[PDB]
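Using the sequences and the hints given, assemble the complete structure.
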Amino acid sequence: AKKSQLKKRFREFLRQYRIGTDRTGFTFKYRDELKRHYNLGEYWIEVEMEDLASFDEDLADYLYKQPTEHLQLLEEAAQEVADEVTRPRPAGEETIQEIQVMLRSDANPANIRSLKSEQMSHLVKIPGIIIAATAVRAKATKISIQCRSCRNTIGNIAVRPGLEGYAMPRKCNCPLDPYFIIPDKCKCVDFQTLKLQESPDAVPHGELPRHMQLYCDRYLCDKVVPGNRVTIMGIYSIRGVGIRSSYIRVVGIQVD
Amino acid sequence: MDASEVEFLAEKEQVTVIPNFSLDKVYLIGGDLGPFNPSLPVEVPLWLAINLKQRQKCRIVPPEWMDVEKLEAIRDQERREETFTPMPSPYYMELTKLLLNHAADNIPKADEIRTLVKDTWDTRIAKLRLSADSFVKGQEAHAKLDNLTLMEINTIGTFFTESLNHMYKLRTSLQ
Amino acid sequence: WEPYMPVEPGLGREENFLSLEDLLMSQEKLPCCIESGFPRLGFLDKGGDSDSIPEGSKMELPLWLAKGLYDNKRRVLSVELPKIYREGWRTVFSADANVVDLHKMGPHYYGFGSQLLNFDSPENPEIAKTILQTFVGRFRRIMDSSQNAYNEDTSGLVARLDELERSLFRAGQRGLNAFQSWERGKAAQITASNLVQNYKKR
Amino acid sequence: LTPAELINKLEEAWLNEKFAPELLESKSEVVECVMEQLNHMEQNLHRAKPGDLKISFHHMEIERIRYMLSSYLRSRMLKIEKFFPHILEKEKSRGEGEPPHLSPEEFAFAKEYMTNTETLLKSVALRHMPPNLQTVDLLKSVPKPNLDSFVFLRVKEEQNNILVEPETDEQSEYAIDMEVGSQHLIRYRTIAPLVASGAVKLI
Amino acid sequence: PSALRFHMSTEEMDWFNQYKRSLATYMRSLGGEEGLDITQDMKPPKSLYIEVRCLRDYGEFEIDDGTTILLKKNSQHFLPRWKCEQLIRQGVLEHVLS
Amino acid sequence: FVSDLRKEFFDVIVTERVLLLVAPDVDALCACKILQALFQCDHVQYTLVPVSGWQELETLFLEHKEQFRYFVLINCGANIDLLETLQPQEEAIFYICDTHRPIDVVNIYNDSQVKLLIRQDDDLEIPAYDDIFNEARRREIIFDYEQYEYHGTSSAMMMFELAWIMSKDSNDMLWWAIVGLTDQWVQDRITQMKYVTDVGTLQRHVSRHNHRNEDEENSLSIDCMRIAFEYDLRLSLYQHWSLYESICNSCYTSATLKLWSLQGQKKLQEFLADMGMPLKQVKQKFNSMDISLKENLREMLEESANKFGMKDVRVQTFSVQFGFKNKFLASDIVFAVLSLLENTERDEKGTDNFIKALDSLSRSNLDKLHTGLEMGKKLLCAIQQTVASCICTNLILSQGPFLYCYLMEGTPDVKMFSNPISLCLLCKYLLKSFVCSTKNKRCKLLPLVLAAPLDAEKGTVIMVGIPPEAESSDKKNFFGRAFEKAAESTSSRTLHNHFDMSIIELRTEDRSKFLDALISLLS
Ligand SMILES: [Zn+2]
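Chains as they are written, first to last, in the entry's author numbering: chain D, 27 to 199, 208 to 273, 287 to 303; chain N, 1 to 175; chain O, 2 to 203; chain Q, 19 to 221; chain M, 99 to 196; chain P, 2 to 135, 179 to 567.
Misleading hints may appear alongside valid ones.
[As the list claims (entries may be wrong)] Away from chain M, derived, C-beta distances all over 10 Å, residues of chain O:
1) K30
2) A189
3) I191
[To be verified] Here are the simulated distance ranges between beta carbons:
4) O:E3 x N:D32: 49 to 59 Å
5) M:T108 x Q:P149: 22 to 32 Å
6) D:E72 x O:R141: 23 to 33 Å
7) D:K168 x O:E3: 49 to 59 Å
8) Q:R65 x N:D32: 14 to 24 Å
9) N:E140 x Q:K100: 21 to 31 Å
10) D:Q172 x O:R141: 52 to 62 Å
11) O:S194 x N:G138: 33 to 43 Å
12) Q:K108 x M:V194: 44 to 54 Å
13) N:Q14 x Q:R65: 50 to 60 Å
14) D:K168 x O:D97: 49 to 59 Å
15) M:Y156 x N:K12: 46 to 56 Å
[Stated by the list, open to error] The list that follows gives simulated cross-link-like pairs (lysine to any residue, SDA-like), each with its CA atoms no further than 20 Å apart:
16) P:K329 x D:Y43
17) P:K371 x D:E144
18) O:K130 x N:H166
19) M:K141 x Q:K162
20) N:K109 x P:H540
21) P:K324 x D:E144
22) M:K171 x P:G367
23) O:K201 x M:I186
24) D:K61 x D:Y43
25) Q:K27 x Q:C51
26) N:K109 x D:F81
27) Q:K162 x Q:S215
28) D:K61 x O:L177
29) O:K187 x N:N51
30) Q:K100 x Q:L157
31) Q:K72 x N:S22
32) Q:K45 x M:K171
33) P:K8 x P:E205
34) Q:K72 x N:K109
35) Q:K110 x Q:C51
36) Q:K27 x Q:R84
37) Q:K174 x Q:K100
38) M:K118 x M:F104
39) O:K105 x O:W90
40) D:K142 x D:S293
None of these hints come from the bench; they were simulated from the model. The beta carbon of each residue, even a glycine, is placed where N, CA and C say it ideally should be.
Right under this line is the structure:
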């Protein structure tokens with residue numbers, strides 16, 4: 027499939043990107059950073075967007091327009107590269123941890139009032155000021171279900187990231211809907227929701243500022259407190288007749 | 001021992017150059033320099049090769065081990081054995097860095113060579129870290145570090161030895 | 002090539018006569034009891050009205066004085082262990098050694114703990130074991146923090162480390178920066194020493 | 019002995035001196051031979067006609083060897099300065115048949131350094147001290163080499179039945195058979211005679 | 099320099115002078131004629147001539163040829179390495195790399 | 002007049018101590034870089050010292066008149082009699098490689114110290130030796189020979205030729221030669237035909253070096269310099285900031301569309317609409333625009349420019365790509381180096397300004413290059429605002445045959461134009477914009493004389509003048525001679541420190557009489 031080719035291209039980007047000139051020397055930037063972060067205990071990296079464009083313009087162009095699948099492939103590639111760089115791990119740490127990839131770019135920021143409906147499921151960069159936050163709750167990623175009658179088990183079910191659930195099966199494969215989630219067989223991550231307010235100068239005359247709901251996950255939680263000026267990079271998505292609430296899956300924060 | 005001194009010990013290996021100037025035999029304190037005939041190979045120490053290339057007076061011939069297939073075989077062998085493995089040269093990292101930085105238009109496929117050497121280096125460094133951790137955890141008094149180059153030792157030295165000294169002092173105090 | 006080379010402190014039960022750090026470690030006070038009174042020395046105790054310190058009083062004498070006046074006969078002075086080295090804190094250390102703050106517990110933990118072995122006690126075989134196991138348990142995190150930290154503020158990583166561990170952190174950080182500067186081709190510059198630049202700052 | 023072997027011996031002495039906790043045996047013969055060769059090569063280079071590339075080659079080689087010699091001598095000087103009293107005391111009780119550890123110039127330098135330190139300390143402080151406390155024994159104040167430090171080594175001549183941690187039976191394996199060309203990590207006290215006899219190289 | 103000397107005691111100055119004399123005697127004792135100066139050559143050598151740039155005015159610096167060089171700030175000379183290493187280490191010159 | 006360079010120039014100074022004197026200009030810096038590369042390759046000692054004006058040149062020669070014998074001068078000291086001013090000795094030999102074509106006659110007819118490296122195959126009308134040196181005919185020849193101050197061939201090209209003869213030529217030297225040629229083009233010191241000929245020559249050299257072959261340039265690693273020929277647009281720094289700002293702040297587009305006026309802005313919006321690019325993408329940074337919009341940008345821009353009266357929107361230039369991300373054009377390097385040379389915030393340590401400008405040209409100081417690029421963007425914006433302000437408020441008065449404009453002290457960004465090159469760039473841009481804007485046919489063929497408050501304390505104003513604009517100008521300027529004659533007639537206090545006689549200083553008090561005398565003389 028094309029997914030394997032895209033994953034291989036992302037792995038090649040991670041393993042082969044270098045910075046510097048032959049007059050001084052060359053240093054691999056993302057492989058070294060991945061090794062250092064994984065050894066330190068922080069499982070994340072900050073991948074710029076101009077670097078990916080310079081390596082492969084098509085790959086960067088597929089991240090500015092279909093961020094979901096391409097970001098998932100990039101995270102899997104980062105996990106594989108991090109696993110191969112630190113292959114002989116000490117006893118007890120054989121299992122490889124999952125890596126979270128954060129994005130950054132130097133583009134001119136947009137406005138909250140400029141977000142049209144055409145730019146849905148696209149990477150956006152909007153500034154603002156945080157005015158609210160919520161308690162750090164839990165969000166599941168891997169779940170296992172079990173039948174109530176015949177106690178059949180279907181494990182390792184994956185749940186999509188963001189404010190999206192998982193429709194449970196009806197047929198038992208034992209009445210209708212016999213499946214319940216096993217409590218202890220669930221892997222969870224951190225989870226927080228913020229509220230971004232339009233900048234005090236971009237607000238037009240004689241009008242109250244507008245707001246926008248944000249979503250933060252894993253290492254992005256507990257990074258911004260109310261009253262901070264931030265620049266947010268995230269995926270515009272949806273959570287009256289046909290009206291749907293829209294939020295922003297945050298994949299990068301630059302506190303000012 | 002800083003990395004510059006480890007490079008200083010790696011600037012005495014033998015490499016083949018093809019000069020353009022003409023010169024007769026030179027009697028150096030460490031050996032006899034072969035007759036310099038244009039378009040004729042003459043083996044020289046690595047420092048001389050680097051100086052000649054920087055002064056535009058030669059054309060460095062890549063070493064034998066600097067091939068994609070051989071390096072892939074070495075990398076696959078390294079990622080297979082638990083302990084360290086013999087290397088094509090005792091100064092592979094310094095040789096690779098110097099040759100690929102100072103003469104890359106002569107060496108073909110430099111990028112893949114630099115990408116494979118880095119993988120081998122990363123695997124060996126991870127093995128060394130495991131060795132250090134196991135040494136300290138088990139409170140041992142001896143370790144067999146075979147086939148380990150000087151730069152990889154320099155990476156973690158002056159930290160391993162001092163930690164071991166302090167551990168020994170704290171280990172025999174009641175005696 | 003480090004120009005200034007001060008005398009290294011001596012780890013274990015023996016100090017160095019010319020070591021400055023060992024000259025400050027012994028200054029730390031240790032609980033003591035005056036087994037035989039010190040006549041004409043009562044002026045040391047401001048609260049005491051008599052000119053002579055009475056027999057049986059308890060004072061927190063410095064470590065050097067306790068070492069000097071100590072005798073196995075225990076007829077001039079007796080030594081009580083500090084709180085950090087008794088069983089209550091030893092069990093906590095045995096629980097997990099990476100969570101404690103060995104900079105507030107004592108700036109010199111290993112050195113003072115080893116110096117405590119000079120005074121005879123029935124708990125020395127346990128104090129030595131506790132110190133050794135603490136070092137063994139805290140080594141790995143120090144190594145990982147020192148090696149894998151490039152161009153980052155290290156004040157957050159050395160805020161819970163005593164002086165020996167801080168020296169090990171400096172060694173690891175200088176062993177990493179040398180290699181990183183070599184790979185980037187900045188190790189081929191003839192540069193002035195840090196002392197010369199610091200003098201120029203003045 | 020070809021000059022190349024002399025250079026190799028100089029390099030080995032340099033590396034062995036760098037990693038040793040104590041002051042190793044003097045090698046003044048190699049120093050003198052290298053110095054003589056450099057002195058001759060200076061004039062040999064001076065005579066040559068200007069504009070020749072052989073001038074560059076020989077000058078580079080001379081600069082490449084002088085650094086190694088200077089580094090070796092500097093390491094010896096630093097070790098002498100750090101442990102002058104014990105070194106002098108060992109030199110006083112030197113027995114015939116045992117190789118010397120100090121060249122005569124180094125011995126004179128150590129004497130002068132000790133005299134300077136003693137005179138300065140005496141005049142500055144000891145004169146005004148109480149009469150009872152005016153003698154300081156430098157043999158019990160200046161630190162001593164730590165012969166228990168761990169070192170890296172490469173074996174040249176095979177050695178069998180080497181005892182690791184001879185004073186304790188806690189170690190599971192106490193016997194090590196060193197082969198030829200292998201490298202080990204072990205304390206300096208255990209393998210000091212091997213380094214002294216040239217059977218083991220510290221790298 | 100006078101700045102460092104101003105903070106030194108007289109006995110310390112005498113000790114410094116005696117140490118300097120002993121060091122010079124040891125240097126001369128090494129080998130024939132003038133001895134090998136251990137203080138110089140403190141880094142592995144890589145090339146004969148190095149590009150340097152002044153950082154302050156230092157009058158004129160003379161070479162063995164009998165000709166001085168006017169050391170003015172922001173000036174560059176392509177001098178040999180063995181004549182400038184001490185000046186670089188003191189802080190009067192700066193090594194310029196390509 | 003030196004005919005051979007492998008034997009009469011290099012071999013003479015191989016085993017001596019050279020002293021390089023380099024004038025502050027990008028072409029001179031490129032020539033200096035090539036000369037330094039050759040000297041370091043051949044183990045030749047040298048001393049490099051910055052020289053700014055005639056007085057500094059004389060003082061620096063006096064400082065080192067004894068320590069050195071062989072002297073090399075780049076882009077300075079060729080239009081005047083150096084022997085008379087310096088008073089040298091027989092041993093001293095002066096090698097001169099300067100672009101000024103009105104060479105001094107005395108230096109031309111001399112074999113003692115002045116060995117001119119200037120090529121003899123250039124368009125130079127040498128007067129007869131007997132007529133000058135052997179009487180009214182001599183004065184006639186003098187006036188017919190030194191009338192103008194047109195520049196000549198690039199020094200960097202001569203240095204690259206010298207390196208090529210010795211076979212010690214690399215891509216780094218070819219790039220510096222290209223940068224020198226493009227610097228000459230940007231300052232508008234050479235005609236278009238000469239620029240095209242030089243571009244053809246450098247294209248031949250590039251084709252020689254970059255000998256592309258299958259599996260030889262594919263296995264060839266990245267991070268090796270790869271210069272290529274490109275027929276690119278006429279926009280400034282358009283690959284670093286947004287396309288919109290590049291269009292609004294250039295010289296061809298701003299002048300052609302009259303962007304200083306609102307109707308110009310409307311025409312610009314119509315142009316962008318005709319191209320077919322959203323206003324959002326155009327205002328974003330060039331490195332973040334959509335890929336689809338950048339596919340055939342050159343062709344669509346050329347077509348939509350042709351519709352809107354813009355013809356010469358494509359020029360011939362070169363590029364360079366030494367690695368994954370680094371990629372520049374010659375004009376970008378020219379602007380960055382020029383900005384680093386002339387800085388007002390870094391007015392302190394002017395010698396350090398020269399040092400930074402020289403260091404920025406090496407592939408190991410890219411950060412200084414990026415700061416130079418930012419400073420160039422700011423300079424372009426400032427000159428555009430100043431030109432718009434001058435044109436809109438009608439501060440240009442046709443005082444006789446020549447136009448006169450004076451910058452007020454309170455005018456923003458006036459300290460930037462105290463520097464010579466910035467003042468010249470402002471003068472050319474303002475003249476072109478005014479010619480495009482005005483409707484008077486007579487006024488379209490008139491010169492411009494701009495001024496600026498050089499120093500407030502001493503009441504000195506810097507003055508400059510450029511030849512009248514024409515479709516195919518000869519780049520010949522007579523303003524230096526006229527300025528000198530008017531200064532003598534009025535007994536004015538003027539200084540000619542700069543190597544270009546067209547730029548002189550002048551007191552505030554002597555301004556009016558000097559201007560009136562110049563009007564009378566040019567009448
Ligand atoms: Zn069921």
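Cross-check of the supplied hints:
no.	hint	verdict
1	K30	holds, 34 Å
2	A189	violated, 6 Å
3	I191	violated, 5 Å
4	O:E3 x N:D32: 49 to 59 Å	violated, 40 Å
5	M:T108 x Q:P149: 22 to 32 Å	holds, 25 Å
6	D:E72 x O:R141: 23 to 33 Å	holds, 26 Å
7	D:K168 x O:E3: 49 to 59 Å	holds, 53 Å
8	Q:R65 x N:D32: 14 to 24 Å	holds, 20 Å
9	N:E140 x Q:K100: 21 to 31 Å	holds, 30 Å
10	D:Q172 x O:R141: 52 to 62 Å	violated, 40 Å
11	O:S194 x N:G138: 33 to 43 Å	holds, 40 Å
12	Q:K108 x M:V194: 44 to 54 Å	holds, 49 Å
13	N:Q14 x Q:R65: 50 to 60 Å	violated, 30 Å
14	D:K168 x O:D97: 49 to 59 Å	violated, 28 Å
15	M:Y156 x N:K12: 46 to 56 Å	violated, 37 Å
16	P:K329 x D:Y43	violated, 23 Å
17	P:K371 x D:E144	violated, 34 Å
18	O:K130 x N:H166	holds, 14 Å
19	M:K141 x Q:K162	violated, 29 Å
20	N:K109 x P:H540	violated, 58 Å
21	P:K324 x D:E144	holds, 14 Å
22	M:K171 x P:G367	violated, 35 Å
23	O:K201 x M:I186	holds, 14 Å
24	D:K61 x D:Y43	holds, 15 Å
25	Q:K27 x Q:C51	holds, 11 Å
26	N:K109 x D:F81	holds, 18 Å
27	Q:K162 x Q:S215	violated, 23 Å
28	D:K61 x O:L177	holds, 14 Å
29	O:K187 x N:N51	holds, 18 Å
30	Q:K100 x Q:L157	holds, 12 Å
31	Q:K72 x N:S22	holds, 12 Å
32	Q:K45 x M:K171	violated, 46 Å
33	P:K8 x P:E205	holds, 14 Å
34	Q:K72 x N:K109	violated, 34 Å
35	Q:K110 x Q:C51	violated, 28 Å
36	Q:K27 x Q:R84	holds, 14 Å
37	Q:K174 x Q:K100	violated, 31 Å
38	M:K118 x M:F104	holds, 18 Å
39	O:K105 x O:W90	holds, 14 Å
40	D:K142 x D:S293	holds, 12 Å
Consistency note: the structure conflicts with the earlier hints numbered 2, 3, 4, 10, 13, 14, 15, 16, 17, 19, 20, 22, 27, 32, 34, 35, 37.
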